[PDB]
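Let chain A serve as the given structure and place chain B with the ligands on it in line with the hints.
Protein chains: 2
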Amino acid sequence: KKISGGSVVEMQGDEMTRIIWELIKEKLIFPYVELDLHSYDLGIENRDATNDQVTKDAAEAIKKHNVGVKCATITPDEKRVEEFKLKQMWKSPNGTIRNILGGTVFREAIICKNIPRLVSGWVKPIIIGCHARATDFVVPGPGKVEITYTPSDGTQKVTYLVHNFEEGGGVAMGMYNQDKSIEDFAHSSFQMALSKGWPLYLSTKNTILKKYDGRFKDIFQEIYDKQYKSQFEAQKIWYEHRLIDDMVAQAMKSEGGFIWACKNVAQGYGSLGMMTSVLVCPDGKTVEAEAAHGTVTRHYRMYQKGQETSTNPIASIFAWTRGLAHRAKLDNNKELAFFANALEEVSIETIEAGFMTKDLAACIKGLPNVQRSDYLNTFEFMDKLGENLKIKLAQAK
Amino acid sequence: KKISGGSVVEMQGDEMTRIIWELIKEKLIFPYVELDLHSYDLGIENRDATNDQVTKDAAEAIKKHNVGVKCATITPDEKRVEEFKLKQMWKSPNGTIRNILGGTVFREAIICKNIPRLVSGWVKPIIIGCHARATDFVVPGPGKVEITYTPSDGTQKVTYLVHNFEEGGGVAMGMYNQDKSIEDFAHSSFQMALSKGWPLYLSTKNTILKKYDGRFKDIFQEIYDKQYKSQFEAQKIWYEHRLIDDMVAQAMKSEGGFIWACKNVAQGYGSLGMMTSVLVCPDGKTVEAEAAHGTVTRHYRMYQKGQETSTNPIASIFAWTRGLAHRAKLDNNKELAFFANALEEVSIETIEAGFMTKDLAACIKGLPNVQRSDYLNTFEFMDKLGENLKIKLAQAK
Ligand SMILES: NC(=O)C1=CN([C@@H]2O[C@H](COP(=O)(O)OP(=O)(O)OC[C@H]3O[C@@H](n4cnc5c(N)ncnc54)[C@H](OP(=O)(O)O)[C@@H]3O)[C@@H](O)[C@H]2O)C=CC1
Ligand SMILES: NC(=O)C1=CN([C@@H]2O[C@H](COP(=O)(O)OP(=O)(O)OC[C@H]3O[C@@H](n4cnc5c(N)ncnc54)[C@H](OP(=O)(O)O)[C@@H]3O)[C@@H](O)[C@H]2O)C=CC1
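Residue numbers (the entry's author numbering), protein chains in the order written: chain A, 3 to 134, 140 to 271, 281 to 413; chain B, 3 to 134, 140 to 271, 281 to 413.
Only chain A is shown next, with the shape it has when bound in the complex:
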């Protein structure tokens, strides 16, 4: 009976979500889809044990299995190493999976028709990709800064004048990119638009920085022809470079439903729980999905002592849906996506029905305006999901 998803890697999370992660697993995941879960613990409690080697292993799993998902996980900081008695600050597993897989992260909030928004006229979400090191130095006194490319083989030096500092000091910075890096940001950006079937819009500041951002605009349009052009004329999708303002002008002058690639990592007006992050590798195969929000300190301080907490587990539900929908298309299981496709609405319908958790309730009438009879708490929201779903399956399957 259970549906066949094959190999879907998974990252055991942390703190409050880790149970939300289990609650989601226990409820909306396990009773329905059979899978190959290689489930690795990214808990910092497993990061004092194996000395980080699970994480790079975890990354390698996706690189083979082609699909990870990730619950929220703590980045070790000042409080952690003292309060968890950590052997060392371990590298941020967000970047620790990214740097390994490379890849581009596409954040988007989810559209619930009844909740407030930066734009009431956004029907479909704007999926915002972004590119993201840099050297910086304080040039404490007058002098001529020069950023000089010196070739590797002995070829002519390339001299540039950043500025010649006279009155007072200055400050400066280097910044760089690679065709590898940009084509990484390129294919991953087009593949994201392929799966989402939405228009792609790149934007750089082209006139303000000519050669640097022109290369970005250069490289998509070179790839948007030689590579993706036919797949875009099919299924109507198109790539239009725009200027930042010539884009953000039509940001609200458009409704949504397009992939949007920034050259400049949260921002947005969407409540954190709303947004679902996704990570992809230009290959169009490896796809690592996660919640877009922190590991929820709040609700957790109210967790250990048993009190009633209300937290919105949608971004984590979609981490599965994205993982599963991007699982199916890879393996061509039309059953599995349908499960995933339907589970989105199931998570949307409940709030569309007006039955929603605090943050949504708390944003409707205003922040103190929230009351327990205007929402539902956390553990009880995983109930209605399988409920609504199993029925939204019942007629379907």
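Be a bit skeptical, because a hint or two may be false.
Claimed, not checked - Restraint-style ranges between C-beta atoms, simulated for each label pair:
(1) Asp-299(A) - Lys-151(B): 26 to 32 Å
(2) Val-125(B) - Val-83(A): 37 to 43 Å
(3) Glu-240(A) - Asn-357(B): 54 to 60 Å
(4) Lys-115(A) - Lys-93(B): 47 to 53 Å
(5) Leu-250(B) - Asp-299(A): 32 to 38 Å
To be clear, the hints were calculated from the coordinates, so they are not data collected in a lab.
The beta-carbon is built from N, C-alpha and C at its ideal position, and this holds for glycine as well.
For chain B with the ligands alone, kept in the frame of chain A given last:
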């Protein structure tokens, strides 16, 4: 009878606004306040005549008279030089006044309680300052880029590795700043908060770029102590550096009423006509105010042929109010500010009364939802202003 404003420079504008500028002058300005207007034409039609020398003169006026105002004006571009038969593309008078006066531009939309917004819970506007050249180069092949500070006197070279490029090429850029430039951005930022009496919040990406953005955070807090500290403890105002997200988190988690200084020029969610730009020189004296929006191609194509147009002249009205309120405090004329203070509400009340121009009407029900009986057109909106004002004066003065 007429009020004494003294010397207030003025920039004759262009296109559709230039008449809005005159309509505002004719109606809400001339019959009430006497002034010393040195009124210079920034029209591109005066930029084929004097060969740009009025502009730098215009800038020098403010530098002495301490107050300019500016109507919108065309930047010469491809269409202009052919259609106006321009002798040359003349430098953008926005930057042509800025570079001369230096100074920082503080954009803000105006708050009308009845109009939609990025945040329904913003009572008072967020005044967004921003800092804003850069060298960029494409390093077509493998090599080691280095940004090397070489001192002016022969002192030890300072070597940095941007990156060493191997597989494929790269791209890079230089970027720089000056204490002069940042303290320019500093004093001008604090003075803006002084006049507006609002909290100042600087934000840089401090942890992502340590030394470069730390210097900014360095310099305000150095100035926020040694200079403005006492004036801020008085009148309760405070300067809190925050991180970009640790700011934008409280952007909507706060209502507004604070000056907000970005290190990174429109953006925003506010309709262009809403926002009023202001330009200030760290001296806290020279203040050049203007509308924040383009010179309105639309309405103008519909202008020459006599048809009924509807365009919202609030940003230009406030250019005077800001110019006049920042005029009074300089010269201590309590009459003149009161005129200016009151004129803001007069421009706010009319729309608060629900009587508003198209864009506001057109944003209330949606863009095609606009109808002529849901708003009022342009020439007729300068009527109600002096009307409401002269009465809002009548009881007052
Ligand atoms: N995995 C990742 O991508 C990220 C991981 N983190 C981890 O986050 C933890 C730090 O907690 P923090 O970063 O402060 O995130 P927190 O959630 O603890 O605080 C951030 C805000 O997000 C909002 N939020 C988060 N989840 C929900 C939800 N389910 N429903 C409603 N609102 C929600 C809350 O606002 P309210 O509850 O008031 O609505 C909360 O105040 C650390 O462990 C850090 O490592 C940090 C950033 C992202
Ligand atoms: N002085 C300055 O700071 C600036 C000057 N410019 C000048 O602007 C001109 C170019 O026109 P553009 O830049 O396209 O600006 P336009 O106004 O011509 O188009 C921009 C949009 O602004 C909106 N807008 C402008 N004024 C109003 C208003 N009073 N009420 C409602 N909406 C308004 C319009 O949207 P709708 O009408 O659909 O509501 C318009 O489509 C050039 O001459 C350029 O030099 C350019 C940028 C700013």
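We went through each hint and held it up to the structure:
1. For the pair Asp-299(A) and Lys-151(B), the supplied restraint of 26 to 32 Å holds, since their beta-carbon distance comes to about 29 Å.
2. Taking 37 to 43 Å as the suggested C-beta distance range, the pair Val-125(B) and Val-83(A) conforms, at roughly 42 Å.
3. Taking 54 to 60 Å as the suggested C-beta distance range, the pair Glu-240(A) and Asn-357(B) conforms, at roughly 59 Å.
4. Distance hint for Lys-115(A) and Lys-93(B): a CB-CB separation of about 49 Å, consistent with the stated range 47 to 53 Å.
5. Under the hint 32 to 38 Å, the C-beta atoms of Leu-250(B) and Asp-299(A), about 34 Å apart, fit the expected range.
Checked against the numbered hints given earlier, the structure satisfies every one of them.
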